[PDB]
Structure formats: C-alpha cells, structure tokens
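Only one chain is shown below, in structure tokens, and it's the form deposited in one PDB entry.
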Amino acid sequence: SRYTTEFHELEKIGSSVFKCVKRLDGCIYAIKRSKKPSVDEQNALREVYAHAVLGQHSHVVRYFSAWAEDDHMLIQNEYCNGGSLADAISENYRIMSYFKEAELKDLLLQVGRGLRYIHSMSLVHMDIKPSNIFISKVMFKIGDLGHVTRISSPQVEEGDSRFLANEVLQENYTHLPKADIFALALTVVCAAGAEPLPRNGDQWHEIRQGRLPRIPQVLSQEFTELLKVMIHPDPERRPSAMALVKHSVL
C-alpha cells in the first residue's frame, strides 16, 4: 500500500488522522484515512477539490496529495504542530488564562485573511469552529474542508450547530459568506474564555438575536462592537471578510 510504503506513521492525532514522516522527503504530514464511500462520495470529493484550489494561502492548511486504496480514502496535508484552537482554548479554560485582546485580534485577523482567500475563490467553508483551526509568530490556519461548498450552492451541509447562523438553519443561502463570519466571531468568543456554546434551546436562540455570550475579561468597546456586528441577525449587516481584514479595530 502507498500509505505504508511512502510514510512512517508516528502517532494517531485524531479520531482517523495520523502524524506521518514521508520517507523520501523527511517531512511530517497530517494524513486523514477515512473509509471510501453516491452523495457521500461527492461530499468526500468536494473536500479534495476544495483543498486542491486552496493551497496557496498561509492561513489555510496546505494540501499535498490525496489517493484511494482499499476501501479507504487518504488526504495528506500540512502538519500543524500546535494542535487545534479547541485544545488551546480548553487548556486556557483549566488555567483561567485566556487569549488577551491583542491575541484575539491576531486570531481574528489571521483567520479573517483565510476566509477572505476562501471567499475570493467563490467558496464558503461552512464549518468554522476552534477544532477546525490549527496552530503552527503563532500561525492560525483554517483546516477541515469537509463542508466547503461554492458560494451560490442551492444545497448546503450545515456545520456544527454551536457555530451555525440561523439563516443557514432556515435554509436561506443567499449570503453564505456571512455564515463563516458569524462562526468566526463565536470562535473568537470561545478563545476569549466563554463557556461552552449551546447547541439548541433558549441560549442558542438568544445568540442568534445578536447577543454575544459572556466573556470573562474586559475588552475594548470597539472590539466588542465588531464581534457583535459579526453575529448580527441580519447577515447583510455582518462585515465581509475583506471588510474585516481592513477594519480599523484590527
């Protein structure tokens, strides 16, 4: 098998994803091995197609190769040795020491540049959340292109409900880029030290009214006001990724 022959498997890093050394080049890669799926195959192939047009950007995880063997599909991507934002947030949570305002702005700006790049390729990510942001200056890179779709798709697989804009839940796909913007604000909120976001119920709905969850630290008004517009109930009111990256607060 290509996998066994080309790569030395170092360890499992996600449940599968493995940290591997490619034997010829001496580099370390993250390789996802999933069972080969149909509508499910189309969804698997969009991940690959997305990766293969989104390999030029410093804030999107680099793709190297993908292949099929057995009943598995394989994707070999850039290894980010800092883990995901989810783990850094969860460690912060235990130590009661969060991203400070300067680091939240950096997080927001870097990921915002990633979205800006995705969105200019007429693509939307649709699953922005801390577990899909990888850490390599710390560098943040968007990864997990499993929900990537073209921006005017009439059908969307919705991402994690914690980060899901209401209009996407209502199957209104008229402004899909602003769904990524909404999820990015909530991502930054979690990095700021917020409690686990709700999945349904009255707290879920409340955020989708444009009320920011409680943040256990004091932030500038100007920064809080940017995060809050990013979760505006009206997606049109939310900044584009380009407007976000040029924003004076950043």
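Take the two forms, find the largest set of C-alpha atoms that superpose within 1.5 Å, and that set is the rigid core. Numbering follows the first chain given and starts at 1. Shifts are known only where both forms have a C-alpha. Compared with the form deposited in another entry:
- Large C-alpha shift between these two forms, rigid core held fixed: of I207, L54, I31, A185, this applies to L54 alone, with a displacement of 2 Å or more.
- Once both forms are overlaid on the rigid core, the distance between the two CA positions of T224 between these two forms is under 2 angstroms.
- Core-superposed comparison between these two forms: CA of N43 displaced by 2 Å or more.
- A102: CA moves less than 2 Å between these two forms after rigid-core fitting.
- Listed in sequence order, 38-43, 51-55, 94-97, 153-155 mark where three or more consecutive residues have CA shifts of 2 Å or more between these two forms on superposition of the core.
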Contents of the next structure:
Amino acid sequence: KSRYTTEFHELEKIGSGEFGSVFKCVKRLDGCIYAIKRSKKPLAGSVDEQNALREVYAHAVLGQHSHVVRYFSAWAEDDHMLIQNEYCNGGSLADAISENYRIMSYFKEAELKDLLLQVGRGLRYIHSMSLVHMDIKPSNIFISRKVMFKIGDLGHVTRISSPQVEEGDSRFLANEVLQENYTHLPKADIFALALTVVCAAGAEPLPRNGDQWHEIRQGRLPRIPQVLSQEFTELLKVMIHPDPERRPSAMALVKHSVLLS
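Same protein, different state: after the form deposited in one PDB entry, show the form deposited in another entry.
This part shows the chain on its own.
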C-alpha cells in the first residue's frame, strides 16, 4: 500500500551502505528507469537529518543540468525516506576505476581531461547558484553512456555564505576546510576534483591521514602510473595548491587551454 510499490517496480539493488539502499526501478506510468534511494528516516536533530536536509534543499535550488544527476522527487513513508533520481547506466566513477584495475584497462590522458572538464562544468553550475558540493570523489560521480559524467550525492551541499559544513571524505578534503576556514569553499571542491582525476588516472588508494595525507596538502600530487603531459600535470598541481586562492575557480577551469579539446 505504498507509493514506492505503487508507482515503481523494483529491478535490482545497485547500492547499500550506512546511507541505506539504492534500487534500479522502472516507473510504471512512464516506463523510465530511476535510481531510488531508500533509507530509514533519520532521528530528528541528527547529523543524518542535517545531511538529508542539505540534499532536499539543494534540489529546491538547483533544477536541471547535464552534469548533475537529475532529482525528480522525494518522499517519506513508513519510517523511511525515498529519493528518486536519474539512473546513470554506467554506474559510478568509483566502479569504473575498480573495473579498470580488474581487467587492466585505464583512463588515458585524453579521457582524464574529458572527466575534468565535464565535472568542472557541473561545479561551475553549482557554484554559480551560490552552493558548494563538499563531497566530490569518484563514488559521487556517475556515468551515462559517448559518455557523460554527472555529479550526484548532494547530502553535503551547503551555501558559499553561512555554510553548514559537514566535512567530506578525509581523503579528498582540503586542509583549509579541516582548519575551519570556510571563506573559499568552492576551491575545496576544486581540490577534491583534482584528486578525483588522479584516482581515475590510476593512483594508489589515497591516504586518510598521517604523513602521506599532509604531503599532498603541501601541494604534492600522489604518484601516477602513466605518462601525463607536463602541462596537464601542472594544472592538477595548481588545483591542489596549499593556497586555495591560487586554485582556479570552476569557471577558469572549464576555459583552460589544456582542457579545450
């Protein structure tokens, strides 16, 4: 007797974690496929609730963009919350990276620049609406297949001004954010995107803390396994510059000559 059951037919579980479950579903009325997240309703006044609120109100603000996972609807039923999003048939960037690492394929220089540009366009859009994503990483980039990358998982999204900062994944987190400096949050999304491209390029698992973590925030790129041009390398280096004002904005990113291609 539920809306979920009523409007959708559930095809396959495509994700699970502390966030709950995600299902590939067909909507009966239109025959389209959607990714529907089903989670227990968070305790009131909890982090989980704060997180869930950041996401509903990001949708309220953002609307539709070709490099952001489209949001269609959200509701609550039983003791659960449901979020209906666009289904990206290529899964997440994280999955693709695992898969490259398995059948030994790889993301080429060219394809790495394409990833950077496309996610950059998504960020440029979010930033222009005075928001920041604050959890950019492979598992939150989705792929549609000839290939579109789309930013999803908006649960950390916050305002540039008066930001409610739930810190993202420590692996991708810029030092100034850890230092409780929120005067240039957009540049933290930039830092994270650079490390996201480095992952796609085949780097070893990023450090969660300790010496190697600090070395990166000193502006040093993790070791790669392949041949990146000096100029693409420099672009990635400056995106993880200790000084966030030295990092390009999303708008300067997508107009950069190395990416024009």
